[PDB]
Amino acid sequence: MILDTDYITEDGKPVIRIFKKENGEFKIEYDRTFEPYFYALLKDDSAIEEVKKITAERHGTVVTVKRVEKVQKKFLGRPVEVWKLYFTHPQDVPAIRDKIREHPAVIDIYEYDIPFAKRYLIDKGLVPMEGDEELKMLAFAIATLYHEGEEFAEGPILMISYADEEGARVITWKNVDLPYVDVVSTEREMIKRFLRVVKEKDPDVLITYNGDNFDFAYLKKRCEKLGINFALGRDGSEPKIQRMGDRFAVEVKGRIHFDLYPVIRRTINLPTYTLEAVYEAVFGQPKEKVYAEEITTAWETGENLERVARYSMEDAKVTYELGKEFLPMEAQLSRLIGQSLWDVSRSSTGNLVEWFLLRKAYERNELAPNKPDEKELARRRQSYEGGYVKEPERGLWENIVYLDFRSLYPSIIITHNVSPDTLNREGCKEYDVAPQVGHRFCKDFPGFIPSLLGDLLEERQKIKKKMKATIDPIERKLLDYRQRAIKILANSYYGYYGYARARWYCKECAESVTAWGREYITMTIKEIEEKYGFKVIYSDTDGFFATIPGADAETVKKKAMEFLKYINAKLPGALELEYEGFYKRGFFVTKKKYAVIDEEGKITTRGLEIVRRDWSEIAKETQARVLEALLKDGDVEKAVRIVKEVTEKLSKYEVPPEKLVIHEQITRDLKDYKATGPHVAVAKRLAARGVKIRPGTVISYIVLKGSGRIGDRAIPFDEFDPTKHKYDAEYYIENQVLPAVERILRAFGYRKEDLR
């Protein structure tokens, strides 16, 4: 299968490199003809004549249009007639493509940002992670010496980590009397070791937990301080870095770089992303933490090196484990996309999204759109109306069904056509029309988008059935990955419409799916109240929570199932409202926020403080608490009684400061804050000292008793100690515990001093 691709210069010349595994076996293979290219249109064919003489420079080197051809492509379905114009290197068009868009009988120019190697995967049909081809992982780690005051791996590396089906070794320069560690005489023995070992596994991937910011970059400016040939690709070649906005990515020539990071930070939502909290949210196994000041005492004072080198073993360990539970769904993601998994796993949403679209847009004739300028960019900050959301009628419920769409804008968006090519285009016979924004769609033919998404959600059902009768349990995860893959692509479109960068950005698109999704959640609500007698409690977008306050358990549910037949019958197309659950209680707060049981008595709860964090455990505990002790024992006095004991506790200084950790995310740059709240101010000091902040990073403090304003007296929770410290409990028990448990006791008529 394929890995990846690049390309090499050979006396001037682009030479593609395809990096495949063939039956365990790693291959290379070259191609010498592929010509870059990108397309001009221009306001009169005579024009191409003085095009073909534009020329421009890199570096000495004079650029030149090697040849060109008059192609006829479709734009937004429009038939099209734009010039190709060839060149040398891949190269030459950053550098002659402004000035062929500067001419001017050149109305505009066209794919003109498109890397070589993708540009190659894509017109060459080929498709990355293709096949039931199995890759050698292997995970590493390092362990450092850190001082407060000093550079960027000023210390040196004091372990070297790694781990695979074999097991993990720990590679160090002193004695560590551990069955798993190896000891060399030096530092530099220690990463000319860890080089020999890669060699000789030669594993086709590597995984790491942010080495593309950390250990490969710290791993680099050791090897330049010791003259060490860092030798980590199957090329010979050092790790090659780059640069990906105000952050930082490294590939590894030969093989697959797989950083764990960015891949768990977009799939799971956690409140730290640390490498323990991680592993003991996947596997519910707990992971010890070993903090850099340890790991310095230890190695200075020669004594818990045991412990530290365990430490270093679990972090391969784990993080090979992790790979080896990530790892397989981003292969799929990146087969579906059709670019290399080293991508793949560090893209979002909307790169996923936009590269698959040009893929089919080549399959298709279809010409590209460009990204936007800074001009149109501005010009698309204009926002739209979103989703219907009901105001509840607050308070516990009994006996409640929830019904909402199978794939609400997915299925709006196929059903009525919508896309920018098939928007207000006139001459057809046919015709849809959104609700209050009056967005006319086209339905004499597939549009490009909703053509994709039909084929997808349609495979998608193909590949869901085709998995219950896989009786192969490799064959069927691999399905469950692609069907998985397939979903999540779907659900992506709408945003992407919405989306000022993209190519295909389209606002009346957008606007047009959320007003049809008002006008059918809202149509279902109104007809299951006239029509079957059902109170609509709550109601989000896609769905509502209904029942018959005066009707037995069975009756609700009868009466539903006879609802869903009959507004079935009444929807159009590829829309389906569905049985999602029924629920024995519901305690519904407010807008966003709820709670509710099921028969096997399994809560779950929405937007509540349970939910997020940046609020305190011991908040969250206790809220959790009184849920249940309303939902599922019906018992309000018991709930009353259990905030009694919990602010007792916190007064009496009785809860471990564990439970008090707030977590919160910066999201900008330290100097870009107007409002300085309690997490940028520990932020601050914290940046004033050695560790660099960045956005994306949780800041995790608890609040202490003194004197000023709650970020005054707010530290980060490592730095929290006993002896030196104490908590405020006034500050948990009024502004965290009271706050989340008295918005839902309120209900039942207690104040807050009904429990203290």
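By rigid core we mean the largest C-alpha set that fits within 1.5 Å across both forms. Residue numbers count along the first chain shown, from 1. Compared with the form deposited in another entry:
For the listed set 165, 635, 293, 202, the sole C-alpha moving 2 Å or more between the two forms on a rigid core superposition is that of 635. Relative to the superposed core, residue 663 undergoes a Cα shift of 2 Å or more between the two forms. Once both forms are fitted on their core, the CA shift for residue 155 between the two forms remains under 2 Å. Relative to the superposed rigid core, residue 26 undergoes a CA displacement smaller than 2 Å between the two forms.
Given the form deposited in one PDB entry, state the structure of the form deposited in another entry.
A single chain, with no partners or molecules, comes next.
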């Protein structure tokens, strides 16, 4: 299979490198003939003679048109003949494309900003990660000597651990007597030893957890101190550290550096993303955490270094195990998008969609629309109306069915052929007209995007069917992640229509999808209520919770299935309402905030403080215990004993202050904030103290006893000392616990005074 592609320049000429594994053998294929190009639409074919002669300059080098080729293509489905302009080197295109566009005989140019190596994969029809090829994988991690107040990587690496199917080992330069620890003389020999292990094992995949932003950068600094050529690349190269957005990403040429952290971070919803939390979440087994402060003391005092080596060995072991489970998912995504696993595992959803569309457009002889310039961008900054959210019938409900449309917006796009190339196109026999917004969409031929979402939805449903029929809970959980990723991807094609930077931007298409969605859900609500006597309790965008008041579970389920058959017979195309769940009880607080319990006893909470990262653990812990007492049982009086059990304690300072930390992210330069909340107030002080605050920084703070603004008496939890500080017990009662649980316990007649 194809692992990756890039290009190098030899004597001014580009050379594509295709990194392959075939029949167990790694190969580098070199392609010296593939040429960069872009397209030009001319006022008249004869003008190509002048365009051929346009030249530019590129760092002392004259840039010229190598050769030209007239080709027949389509733009948004409409045929048009253009000129394919070839060049010698990819960097020729940015140097000359403006001068060609400015030429009076050139109407417009296209596809002039496509990365050369990805252009190769598309135009050659190559798809990475295709084939029955078994890839050799190796995980690794490092333990370092950390002292606070030091620059990055000022201390040495103490241990390098690695794990594969044959086991896990640890390399260190102190004498630890464990069977899996290899002792060397120096930090230098340790690094050189690890380099040797990788070259000998020759793995196709190097698995890390956050290696993009810690492990490789640490190794780089230490190798620069020690004078080590850290030639992990299969071409003898060192790891290529490059900027990606607001952080970094690391390539190892010829291999796939699979950094699990970006994948895990967007696939699983967790309060924290330590390696320990991720391992237990996936496999349901604990992993002990040894902290940097313990590692340093063990190394300096030589005491209990076995525990550090075990922790390091376990880091590599669980990293390998996690990589085995998540590579297949990312490998499928690589095939769907048609780009390398390295790229798809790290790229934004917009790039995935666009790389996908550029390939499909090439397959269909469709010219890609250009990205917008600054002027067009400013024109695309309007919004549009979205989904319909019903105000809930707040309170406690029983025998509730949840009906929900399958892949609604993608199904709308498929059903009504919602595409920029079908919008208000004249001459067609048939049209679908969007409600409210009135946009018309030709139905005579499949639209570009509509013709592509079908296969994604097909693949997802196949996964979901396999999932539901999977015995192993771990495999099932991974399939759940898999189908959910395609769900989010498919829905991102809708959002792509309203994405200001999109090539195939179409805000009319976007607001037509949402308009149809609002029509379908409100029609379904009216239909289930008027024809089947249901009561709709709450609805959001494309699903609703409903019951028959007074009916038992058997009856509600039966009549729900009857409505589904009826409504699904009326719905066109790919629109289908699904039976998504039955719940014995359910409590709805506001829009987007409710909790339901199924017949097995599993509670599902949405939007409530229990699920929010920016609320105090004691407030979430309390609301959870409250809901459990209400839904799982029926003992409202028990709920009120837990809460008064918590107000008392907080009053007595018997609650661990660790349950009082508030986490809130900094999202911008501190100068750019208009309003200073508690987390910004703390952040501004830390920066004054020299701490360096960047967007993405999380502020973990606690509120101390006082009366002024919250931010005034808020400090980082790193500075909390119970000897000197008494937290604001009345804040965490009146502002964290009570407000969360009161909104629920209202319905049972309780007020805040009866909970304190």
